[PDB]
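Each chain, written out:
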Amino acid sequence: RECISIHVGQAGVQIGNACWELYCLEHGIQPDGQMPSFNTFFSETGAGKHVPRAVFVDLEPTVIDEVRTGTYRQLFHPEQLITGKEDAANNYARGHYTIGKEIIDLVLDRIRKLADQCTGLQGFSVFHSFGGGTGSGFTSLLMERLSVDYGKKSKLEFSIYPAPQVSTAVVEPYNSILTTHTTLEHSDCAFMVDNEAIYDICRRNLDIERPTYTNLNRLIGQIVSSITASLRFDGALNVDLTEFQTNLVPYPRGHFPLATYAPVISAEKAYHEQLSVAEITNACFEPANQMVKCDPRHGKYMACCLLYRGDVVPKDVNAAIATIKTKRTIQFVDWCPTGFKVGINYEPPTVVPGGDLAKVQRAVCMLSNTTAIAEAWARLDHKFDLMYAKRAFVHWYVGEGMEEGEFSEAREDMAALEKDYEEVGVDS
Amino acid sequence: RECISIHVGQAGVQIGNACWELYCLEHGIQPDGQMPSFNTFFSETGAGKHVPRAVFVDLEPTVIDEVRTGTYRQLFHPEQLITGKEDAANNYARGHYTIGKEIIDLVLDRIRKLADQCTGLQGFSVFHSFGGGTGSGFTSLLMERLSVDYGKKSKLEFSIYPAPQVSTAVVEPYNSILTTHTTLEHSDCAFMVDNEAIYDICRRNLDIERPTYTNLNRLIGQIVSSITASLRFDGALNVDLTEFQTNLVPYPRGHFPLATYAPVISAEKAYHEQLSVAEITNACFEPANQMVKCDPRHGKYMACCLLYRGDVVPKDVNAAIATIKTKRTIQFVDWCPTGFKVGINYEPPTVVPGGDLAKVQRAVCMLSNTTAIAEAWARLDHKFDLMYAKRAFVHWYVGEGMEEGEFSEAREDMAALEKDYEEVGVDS
Amino acid sequence: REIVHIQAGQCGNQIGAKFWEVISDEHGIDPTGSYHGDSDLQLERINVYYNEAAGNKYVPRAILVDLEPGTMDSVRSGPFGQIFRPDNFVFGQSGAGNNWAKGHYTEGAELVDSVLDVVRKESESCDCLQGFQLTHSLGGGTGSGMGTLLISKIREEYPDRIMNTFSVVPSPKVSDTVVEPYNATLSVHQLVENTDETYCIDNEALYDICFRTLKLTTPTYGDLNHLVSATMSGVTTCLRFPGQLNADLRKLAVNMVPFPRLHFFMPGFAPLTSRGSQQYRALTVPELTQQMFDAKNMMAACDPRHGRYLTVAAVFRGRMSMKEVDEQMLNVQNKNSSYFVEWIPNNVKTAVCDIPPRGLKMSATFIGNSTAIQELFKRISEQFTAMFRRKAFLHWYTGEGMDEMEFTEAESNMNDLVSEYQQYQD
Amino acid sequence: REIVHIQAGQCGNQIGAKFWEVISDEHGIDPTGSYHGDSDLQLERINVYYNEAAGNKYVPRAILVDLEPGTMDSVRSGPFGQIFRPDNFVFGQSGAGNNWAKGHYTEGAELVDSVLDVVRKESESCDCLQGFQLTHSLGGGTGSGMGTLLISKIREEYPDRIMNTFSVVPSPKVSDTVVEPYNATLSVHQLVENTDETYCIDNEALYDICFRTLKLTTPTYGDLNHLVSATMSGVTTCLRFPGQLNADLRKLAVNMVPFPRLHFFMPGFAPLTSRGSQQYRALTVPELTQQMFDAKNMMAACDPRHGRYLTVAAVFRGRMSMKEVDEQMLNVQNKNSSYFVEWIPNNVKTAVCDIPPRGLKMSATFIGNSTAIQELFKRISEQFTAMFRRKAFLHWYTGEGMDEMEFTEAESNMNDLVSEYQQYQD
Ligand SMILES: *OP(=O)(O)OP(=O)(O)OP(=O)(O)OC[C@H]1O[C@@H](n2cnc3c(=O)[nH]c(N)nc32)[C@H](O)[C@@H]1O
Ligand SMILES: *OP(=O)(O)OP(=O)(O)OP(=O)(O)OC[C@H]1O[C@@H](n2cnc3c(=O)[nH]c(N)nc32)[C@H](O)[C@@H]1O
Ligand SMILES: Nc1nc2c(ncn2[C@@H]2O[C@H](COP(=O)(O)OP(=O)(O)O)[C@@H](O)[C@H]2O)c(=O)[nH]1
Ligand SMILES: Nc1nc2c(ncn2[C@@H]2O[C@H](COP(=O)(O)OP(=O)(O)O)[C@@H](O)[C@H]2O)c(=O)[nH]1
Ligand SMILES: [Mg+2]
Ligand SMILES: [Mg+2]
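Here the protein sequences line up with chains Q, O, R and P, keeping their order. Taking PDB author numbering, I'd label the letters of the first sequence as residues 2 to 38, 49 to 439. Taking PDB author numbering, I'd label the letters of the second sequence as residues 2 to 38, 49 to 439. Taking PDB author numbering, I'd label the letters of the third sequence as residues 2 to 44, 47 to 360, 369 to 437. Taking PDB author numbering, I'd label the letters of the fourth sequence as residues 2 to 44, 47 to 360, 369 to 437.
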């Protein structure tokens with residue numbers, strides 16, 4: 002019943018920092034590993060120290076060093092903290108090939124070591140970003156190997172969705188297009204969120220006009236914990252990760268369920284207001300709490316999964332579902348009946364001490380696969396096209412051995428993906 | 002039930018220093034010999060002082076003087092400390108013949124004296140190095156006599172395997188080739204380790220980038236103690252040295268089992284990690300803990316012996332064996348069924364105060380005879396060949412009475428040995 | 002992971018004098034060589052620029068090169084000239100005289116062998132080089148002349164390392180050497196294809212900034228080279244220190260170069276205003292972005308809104324939100340969409356470091380690659396042609412063996428860069 | 002176990018003056034003769052070079068030989084000239100005048116009998132000799148001339164002892180005697196086959212090192228002979244003191260000689276740099292190996308990368324890891340594989356001593380046998396031929412009876428060593 006977390010790149014690792022901090026908060030784990038009390052994620056020592064079963068990869072020493080100098084440096088095993096010396100430079104060509112390919116063997120052997128520590132490997136999940144060099148480059152490299160060795164294990168990916176308006180990486184389209192090509196075909200499911208959309212959540216629901224990544228990742232951590240800690244904890248409907256895959260992936264392509272999370276409420280907003288299960292789920296179908304800037308009303312739904320924490324009575328859930336099925340404007344694709352996975356954990360929602368979110372007594376996470384995602388690809392299509400037509404920055408990949416045909420090909424694979432969304436949109 | 006240790010050369014003696022230090026650590030033996038408490052190795056005096064039954068030979072006063080001025084100078088009997096005045100000069104021609112042959116008679120008589128002190132001589136073992144003058148020269152000289160007098164006693168040799176990359180002795184190939192010729196035919200079993208491989212162990216498992224020989228020999232001492240102290244101590248399966256020979260040597264040639272040792276773990280690496288018997292043995296079949304730079308996956312196994320310390324339950328061992336037999340990629344030679352010797356001592360593993368290795372509760376030593384050893388010989392073949400073709404340094408042997416034909420012959424004997432490995436590799 | 006820096010020419014030597022000063026400031030390293038700081042980070048990544056010599060002495064990984072001992076001596080005479088080891092002072096005797104031919108082609112060429120030997124010694128001293136950086140003037144004899152020669156050999160030895168250089172570009176108004184455009188032309192001919200990237204610094208623009216926004220009436224070159232070092236140090240510290248974004252120089256190079264030949268940069272810097280107004284300034288991300296975008300805060304005498312922007316890098320130092328940075332960069336892209344090139348979606352890229360420059372809460376470095384750069388090339392090329400026809404001072408150059416057809420090709424190559432900027436200006 | 006040293010010629014006598022000084026430094030022995038040290042090791048192996056005379060007086064086991072009392076007197080007049088007993092001063096009266104014929108063939112020959120008698124007296128005083136060492140110049144009259152004669156007789160008496168010598172090899176630029184190549188040629192003719200090994204010291208190279216890396220502007224021969232003694236003392240102390248590796252001189256000789264006739268060595272030494280940089284140096288094994296490999300740190304005016312390396316010995320003093328040493332030597336072998344000879348696998352051998360030289372943490376001695384050595388022989392042989400044809404100063408030599416056919420054979424023999432280096436250069 003075990004799983005492995007993999008943190009690649011800054012985004013992967015810094016999100017991971019929040020994630021493991023939250024898992025410590027879930028059980029009262031001390032920075033040194035001492036836990037007085049979740050062995051699905053952790054491995055126990057004779058001292059009662061538990062080791063989070065995870066791998067941290069950075070090709071630049073700095074971020075891992077940040078871990079190594081922080082409080083959780085005692086928690087993590089030195090072998091889990093893997094670092095190279097040089098970067099990918101925002102570039103798949105080095106991340107996947109030239110540079111990252113050198114260290115990956117080590118990385119894999121640490122993974123395999125942990126796989127041998129697992130007794131019942133259920134699977135794993137990889138945290139990264141769609142635009143970066145290691146964030147997406149190296150990441151797909153890893154999938155190429157992991158899908159061989161662990162072909163039957165859960166291969167869930169979580170990635171930051173490139174913001175349409177702000178991006179620090181000029182060749183991000185190129186990176187992301189190459190990842191599509193290689194991840195679609197290897198991964199089982201990839202989830203993503205938009206930091207821009209999140210900012211809007213922070214300013215509207217948390218009332219914060221100063222979000223940093225350390226805020227943004229707390230919110231992400233919430234979502235992740237709902238599906239990682241609480242799915243291993245007790246509930247009414249205990250849903251596994253393999254079950255998630257078995258209940259969220261409808262086609263052999265990928266699919267890309269997007270996150271939505273409600274409650275996201277400031278402490279003051281929690282006052283004077285009573286949420287019910289149904290009210291929280293109402294919020295879950297509002298564009299306003301959509302974690303990716305993509306309009307839910309534009310597309311049609313294919314999948315939807317609702318996962319519940321704390322004070323949730325199935326009775327209320329059932330009523331809530333009835334209304335979301337019938338009251339809303341949620342259009343859905345023919346193919347699908349509304350079999351929405353309901354996970355119901357008794358495990359209460361948790362809050363980070365010193366965080367922004369209010370203590371809540373119940374909480375709902377929503378995953379959804381909508382046809383509007385093709386518009387996200389359309390965004391990438393043109394951004395890629397523009398660059399590629401001019402061949403701007405192309406020498407930074409070509410010099411590492413990339414082929415122009417390959418890039419065209421990858422775009423075409425994306426186009427095919429868009430076409431399949433088109434297909435799904437056609438009802439039948 | 003007694004045995005004799007023989008330390009020839011610096012390597013032999015300095016390793017011995019660690020070995021006898023460890024035996025003192027095993028029982029609380031004071032530098033003066035006072036032991037408050049293993050008489051298989053030691054001889055008792057009326058003062059309760061025990062004398063380690065061993066002979067120290069150095070043809071240069073210095074190293075023995077190092078012993079004579081250290082703390083263990085009180086432990087060793089002055090007659091055990093034998094020294095000449097001049098060296099072999101890295102050269103078999105002087106070590107075996109011209110110089111060492113003069114003192115050997117004394118040496119033998121001290122050995123014989125100890126043999127007369129033994130009541131039930133089980134056998135003995137010789138510590139040396141394959142490249143040096145006394146380390147290999149004198150050593151084989153000794154075997155020539157010991158195999159006559161003690162023909163039925165255990166003749167186990169332990170030698171440092173010449174590092175393929177670093178060697179301080181330009182005629183080491185020549186020395187080692189001559190030893191092959193003379194040791195193969197006289198000895199029963201020779202074990203060896205590679206200091207380069209060990210460095211990799213120190214830097215990866217102990218996390219030490221500054222190993223000296225005084226570190227390196229502690230690790231060797233660990234391995235040796237597992238087979239020397241703990242085989243005389245109590246266990247479930249008490250395995251003797253003669254039993255070792257009877258369970259490790261398959262052919263009348265020699266054979267050369269290589270050492271592997273797991274656990275080799277730094278204190279911090281021990282934290283947060285729980286080893287089981289099975290996990291330790293998993294480590295034992297990893298190339299990464301192989302004490303000789305030779306790839307275990309290259310060759311095929313012929314013999315394998317696993318010796319256990321501390322908290323080992325046969326129950327777990329059995330399960331571990333099942334998985335190493337079936338899970339691993341360990342190819343093995345037809346001839347052999349998998350009868351791997353399991354020695355199981357209750358005697359716990361011991362750690363040197365101020366050492367690098369973590370306190371462990373259980374430990375496993377592995378001996379193995381793999382066909383990949385022929386590649387080690389191939390290394391020597393070419394190194395020898397190059398020198399010999401040019402006849403570089405040849406005058407340093409010829410002037411002592413060596414014959415060129417002899418050198419050719421010795422190479423040919425090595426070639427024959429390689430051919431026999433070839434033979435074994437052919438399955439039948 | 003490490004960088005080697007080589008300074009050359011009187012300009013380069015004096016710029017480096019400020020550069021290294023700043024780097025040691027960043028890490029708390031005393032003018033005499035030892036470390037007396039006070040932050041973990043200060044020593047933690049020191050390796051990129053310093054070798055720790057026995058005694059807790061730090062040796063700047065750089066070579067000081069000239070052909071006149073006196074300049075070298077003046078450098079050595081100040082604080083931080085003592086931190087450099089004698090072995091890093093490589094110099095000859097008798098100038099160059101601001102003559103490319105002497106520097107590159109003939110006499111200075113002779114010295115380069117000894118320089119390179121020391122370079123090799125340092126390349127071995129490093130664990131793993133990230134790259135090399137050189138500081139020099141484009142119109143100078145040793146700055147460009149000898150410096151270029153060195154670059155061609157270093158690149159040859161290390162194709163896989165970053166080769167960049169910062170160079171003083173002849174300002175429209177103050178040329179010193181009559182053939183300064185000639186030397187510059189020749190350096191383009193050699194440098195552009197023998198470098199990964201080059202930065203364009205105009206002293207005239209710098210003098211305008213120092214009075215325009217900084218309102219100063221006494222600067223010297225040391226004050227202006229301070230500003231230069233602010234941009235240079237800005238770039239490498241992030242690479243050195245913990246941040247949020249992507250802090251690798253090579254990755255910067257990858258994101259800023261869309262085409263093998265067009266790698267010229269316009270540095271700019273924020274915040275950068277007089278003390279009076281500091282009581283009336285607010286420190287926000289939009290504040291920095293306002294200063295970064297504004298052409299007057301560029302250190303290059305160009306005008307980015309005249310040309311088109313190919314690539315923009317925004318490097319931030321200090322604690323900022325990701326959101327705010329993302330949004331303001333987007334806004335910039337949006338509002339100045341008329342200057343950006345349509346082929347590159349989201350042409351503004353960012354990098355974020357969490358360590359502020369000593370004394371400031373926040374700061375930002377602007378790096379741009381516009382088409383506007385071509386205007387500098389055009390000015391030089393034109394001036395060159397006139398001189399070319401007359402052979403002004405070319406007897407000095409041809410006297411040292413420089414052939415006019417080589418110069419002819421150099422002229423073409425300048426024109427080629429302009430045409431390629433036009434090819435992507437659209 | 003013991004060694005006898007004989008010094009001859011003005012050179013040899015002045016070198017030995019520094020050598021013995023150092024040895025006594027190593028053991029804490031006062032200039033007047035008594036032991037005032039402070040380490041157990043200091044007395047423990049003192050036997051190799053000293054006889055303890057009654058009163059706790061130590062007598063250096065060496066003979067000082069010359070044909071002019073005044074040089075001997077000047078040696079005697081300084082500290083450590085008092086430690087030598089009068090019986091170790093063997094000298095005549097009237098020079099040699101830098102004439103081989105006088106030294107070897109005629110007049111100096113007369114003195115040798117008295118020298119040898121004292122040698123015999125000392126050989127009896129030893130328990131067991133390891134060998135003998137002689138210090139001299141190759142182009143000098145007593146240095147080489149008389150010295151060679153002595154060597155041939157000592158070897159005769161003790162075939163089983165190590166016979167080596169260190170000698171000053173005529174530098175390309177500074178010859179003193181017009182027939183210095185003649186004397187050298189004759190010494191090759193005699194020495195090479197009457198010695199186990201000889202070391203090649205070039206004063207010119209030494210003067211370059213002292214200014215090149217040590218940055219010194221005042222050395223004298225005493226300062227350069229200090230460097231010489233550093234290498235000599237480096238070799239024998241290990242043999243004397245506890246170490247890790249294999250510390251026997253004969254074994255060194257065995258590992259360094261692949262062929263009966265090619266036993267010429269290029270000494271080098273590390274660390275060896277000026278104090279300024281000492282604040283910027285790091286002390287690691289690779290650091291020493293960098294200094295050891297570098298040809299500029301060789302004391303012989305040769306270039307090992309021009310020739311091929313037959314054998315290399317790396318001797319280390321002080322605490323070092325075995326791993327590090329092994330790895331760095333391997334790396335050297337790997338990276339400089341183009342210079343090593345393919346016939347000898349793993350041609351770089353090591354020796355390790357745990358005692359550092369007084370005042371240093373670590374040190375290393377480089378001993379090499381390359382083919383590059385032949386270049387020195389070639390220079391001499393050529394110069395010789397010219398002189399040979401003219402008989403320059405040969406009336407002095409033929410006047411003392413030296414025959415030209417003997418010289419002819421000497422010339423051949425020089426050429427033979429070169430051809431044999433070519434035979435193994437491949
Ligand atoms: O450095 P390299 O390019 O080799 O690998 P990365 O770590 O992938 O590059 P980087 O440039 O940092 O990727 C940046 C992208 O990811 C977003 N991002 C960075 N750090 C983040 C964080 O802590 N939390 C979130 N939610 N997103 C983070 C950037 O916005 C950018 O798109
Ligand atoms: O001195 P002589 O050549 O006559 O005899 P030796 O003592 O065999 O010679 P030596 O040159 O010291 O042999 C060196 C070889 O053995 C390795 N070695 C030396 N000391 C060692 C030690 O304490 N521990 C180990 N593990 N290995 C040691 C050297 O690496 C070399 O190969
Ligand atoms: N910013 C700046 N420019 C300088 C400095 N010194 C000389 N320059 C510029 O460099 C050009 C002259 O070249 P110079 O450096 O004398 O050449 P060199 O010394 O012969 O290599 C002129 O355009 C100057 O404005 C300086 O310290 N700072
Ligand atoms: N290193 C060194 N060389 C010396 C010394 N004295 C003379 N020489 C060299 O020896 C050669 C001259 O021979 P010399 O010693 O005078 O001969 P001799 O005295 O007649 O035996 C010249 O090449 C000198 O450079 C010295 O003290 N040190
Ligand atoms: Mg990164
Ligand atoms: Mg020895």
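Everything labelled a hint here was simulated from the structure, so no lab data went into it. Take these hints with a grain of salt, some might be off.
Claimed, not checked - Under the rule of at most 27 Å between Cα atoms (straight-line distance), these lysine-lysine pairs were calculated in the DSS-like manner:
| # | chain 1 | residue 1 | chain 2 | residue 2 |
| --- | --- | --- | --- | --- |
| 1 | O | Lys326 | Q | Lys163 |
| 2 | Q | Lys124 | O | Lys326 |
| 3 | O | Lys96 | P | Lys218 |
| 4 | P | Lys389 | R | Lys156 |
| 5 | Q | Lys401 | R | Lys124 |
| 6 | R | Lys124 | P | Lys389 |
| 7 | Q | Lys124 | O | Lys96 |
| 8 | Q | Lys163 | O | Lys96 |
| 9 | R | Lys338 | Q | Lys304 |
| 10 | O | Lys370 | Q | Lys124 |
| 11 | O | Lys401 | P | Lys218 |
| 12 | P | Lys338 | Q | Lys112 |
| 13 | R | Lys156 | Q | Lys96 |
| 14 | O | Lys401 | Q | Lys124 |
| 15 | P | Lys156 | R | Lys124 |
| 16 | R | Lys156 | P | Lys156 |
| 17 | Q | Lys96 | R | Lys338 |
Claimed, not checked - If you anchor each label on the Cβ, the simulated ranges turn out as follows:
| # | chain 1 | residue 1 | chain 2 | residue 2 | range |
| --- | --- | --- | --- | --- | --- |
| 18 | R | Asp120 | O | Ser419 | 45 to 51 Å |
| 19 | R | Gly73 | P | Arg88 | 57 to 63 Å |
| 20 | O | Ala389 | Q | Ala427 | 49 to 55 Å |
Virtual Cβ for every residue (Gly too), placed ideally from N, Cα, C.
Satisfaction of hint between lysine 156 of chain P and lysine 156 of chain R, Cα-Cα up to 27 Å
violated, 58 Å
Just to be careful, I want the Cα atoms of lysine 163 of chain Q and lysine 96 of chain O compared with a cutoff of 27 Å; is the pair within it?
violated, 69 Å
Taking the Cβ atom of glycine 73 of chain R and the Cβ atom of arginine 88 of chain P, is their distance within the range 57 to 63 Å?
holds, 58 Å
Taking only the CA atoms, is the gap from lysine 401 of chain O to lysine 218 of chain P under or equal to 27 Å?
violated, 42 Å
Would you mind confirming whether the straight-line C-alpha gap from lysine 124 of chain R to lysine 389 of chain P stays at or under 27 Å?
Violated - the C-alpha atoms of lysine 389 of chain P and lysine 124 of chain R are around 32 Å apart, more than 27 Å.
Hint check: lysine 156 of chain P vs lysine 124 of chain R, CA-CA at most 27 Å. Holds or violated?
Outside the cut-off at roughly 48 Å; violated.
Hey, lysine 96 of chain Q versus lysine 338 of chain R, does the alpha-carbon distance stay inside 27 Å?
Roughly 38 Å separates the two Cα atoms, so the pair is violated.
Holds or violated: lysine 401 of chain Q to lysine 124 of chain R, with C-alpha atoms at most 27 Å apart:
Distance of about 42 Å is beyond 27 Å: violated.
Regarding the pair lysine 124 of chain Q and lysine 96 of chain O, is the alpha-carbon distance no greater than 27 Å?
Since the Cα atoms of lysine 124 of chain Q and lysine 96 of chain O sit roughly 53 Å apart, the hinted pair is violated (cutoff 27 Å).
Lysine 401 of chain O and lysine 124 of chain Q: Cα distance at most 27 Å?
Roughly 49 Å between the alpha carbons, so the hint for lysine 401 of chain O and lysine 124 of chain Q is violated.
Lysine 124 of chain Q and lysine 326 of chain O were given as a pair; does the straight-line alpha-carbon distance stay at or below 27 Å?
Answer holds: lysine 124 of chain Q to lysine 326 of chain O is near 23 Å, not above 27 Å.
When you check the alpha-carbon spacing of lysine 156 of chain R and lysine 96 of chain Q, does it fall within 27 Å?
holds, 25 Å
Violated hints, in rising order: 1, 3, 4, 5, 6, 7, 8, 11, 14, 15, 16, 17; the structure is consistent with all others.
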